[PDB]
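Trainee: Here's the letter readout for the chains.
6 protein chains.
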Amino acid sequence: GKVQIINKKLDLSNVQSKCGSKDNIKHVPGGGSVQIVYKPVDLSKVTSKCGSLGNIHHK
Amino acid sequence: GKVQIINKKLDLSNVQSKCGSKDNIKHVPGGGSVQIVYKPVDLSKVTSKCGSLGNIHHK
Amino acid sequence: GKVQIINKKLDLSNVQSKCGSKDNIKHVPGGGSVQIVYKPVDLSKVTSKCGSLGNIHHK
Amino acid sequence: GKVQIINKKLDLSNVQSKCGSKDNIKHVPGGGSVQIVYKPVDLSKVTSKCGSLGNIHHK
Amino acid sequence: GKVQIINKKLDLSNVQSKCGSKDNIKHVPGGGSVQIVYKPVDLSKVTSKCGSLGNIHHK
Amino acid sequence: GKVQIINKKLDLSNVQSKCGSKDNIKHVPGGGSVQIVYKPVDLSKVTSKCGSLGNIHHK
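Chains E, D, C, B, F and A, in that order, are what the protein sequence lines are.
Using the authors' numbering, you'd call the opening residue of the first sequence number 273 and step up by one each time.
Using the authors' numbering, you'd call the opening residue of the second sequence number 273 and step up by one each time.
Using the authors' numbering, you'd call the opening residue of the third sequence number 273 and step up by one each time.
Using the authors' numbering, you'd call the opening residue of the fourth sequence number 273 and step up by one each time.
Using the authors' numbering, you'd call the opening residue of the fifth sequence number 273 and step up by one each time.
Using the authors' numbering, you'd call the opening residue of the sixth sequence number 273 and step up by one each time.
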C-alpha cells in the first residue's frame, strides 16, 4: 500500500561569549540610597583567542 | 501503491560574541539616589582574535 | 501510483560580534537621582582580528 | 502515475559586527536627574581586521 | 503521467559592519535632567580592513 | 506525458558598512533638559580599506 521514509539530522545551538571579559557595577536599581567607591589602578595587558562559536565539521 | 521519501539536514545557530571585552556600569535605573565613584588608571593593551562565528565545514 | 522525493540542506545563522570591545555606562534610566564619576587614563593600544561571521565551506 | 522530486540547499545569515570596538554612554533616558563625569585620556592606537561577513566557499 | 522536478540552491545574507568603530553618547531621550561631561584627549591612530560582506566563492 | 523541470541558483544580499568608523552623539530627543560637554582633542590619523560589498566569484 503506502510507504514512507524520513531521515533528519538537526543541530541547534545558541552561544553567548565574552573572551577575556571584565564586567563592573553590573546593575544598580538605586532604591533608597546606594554609594559605591572603588579604585583600582589596573595596568592591564589583556590577550584572548576565542574558538569557533559555531556548528563545525572537519576531515 | 504510494511512496514518499524525505531527507533533511538542518543546522540552526544564534551567536553573540565580544573579544577582549571590558563592560562598565552596565545598568542604572537610579530610582532613589545612587552615587558611584570609580577610577581606574588602565594603561591597557588589548589584543584579541575571534574564531569563525559560524556554521563551518573543512574537507 | 504516486512517488514523491524531497532533499533539503539548510544552514540558518544569526551573529553579532564586537572584536576588541570596551563598552561604558551602557544604560541609565536615572528616574530619581544618579551621580557617576569615572576616570581613567587608558594609554591604550587595541588590536583585533575577527574570523568569518558566516556560513563557510573549504575544500 | 505521478512523480515529484525536489532538492533544496539554503543558507540564510544575519550578521552585525564591530572591529576595534568602543561604545560610550550608550543610552540615557534620564527621567529624574543624572550627572555623569568621565575622562579618559586615551593615547589610542587601534588596528583591526574583520573577516568575511558572509556565505563563503573555497576550492 | 505527470513528472515534476525542482532544484533550488539559495544563499541569503543581511550584514551590517563598522570597521575601527568608536561610538559615543549613542542615545539620550533626556526626559528630566541630564548632565554629561567627558574629555578625551585621544591622540589617536586608527587602521582598519573589512573583508567581503558578501555571498562569495573562489572556485 | 506532462513533464516540468526547474532549476534556480540565487545569491541575495543586503549590506551596510563603515570603514574607519566614528559616530558622535547619535540621537538626542532631549525631552526635558540635557547638557553634554565632550571634546575630543583627537590628533586623528585614519586609514581604511572596505572590501567587496557584493555577490562575488573568482576562477
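There's no promise every hint is true.
[What the hints assert, rightly or not] In the EDC-like style, the derived pairs of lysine to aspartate or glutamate whose C-alpha atoms are separated by at most 16 Å in a straight line are:
| hint | chain 1 | residue 1 | chain 2 | residue 2 |
| --- | --- | --- | --- | --- |
| 1 | C | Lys281 | C | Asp295 |
| 2 | D | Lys311 | E | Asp283 |
| 3 | B | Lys311 | A | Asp314 |
| 4 | E | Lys331 | D | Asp295 |
| 5 | C | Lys311 | E | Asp283 |
| 6 | C | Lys298 | F | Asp295 |
[Unchecked claim] The following label-pair restraints were derived from C-beta to C-beta distances:
| hint | chain 1 | residue 1 | chain 2 | residue 2 | range |
| --- | --- | --- | --- | --- | --- |
| 7 | A | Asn286 | F | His299 | 47 to 55 Å |
| 8 | A | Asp295 | F | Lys280 | 23 to 31 Å |
| 9 | E | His330 | D | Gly273 | 36 to 44 Å |
| 10 | D | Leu282 | B | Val275 | 23 to 31 Å |
| 11 | A | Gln307 | F | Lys281 | 23 to 31 Å |
| 12 | A | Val309 | F | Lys331 | 19 to 27 Å |
FYI, nobody ran anything at the bench for these hints, they're computed from the structure.
Where a beta carbon is used, it is the ideal one built from N, C-alpha and C, also for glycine.
Trainee: Could you check the structure against the hints above and give me the numbers of any it violates, in ascending order?
Mentor: 1, 2, 4, 5, 7, 8, 11 and 12
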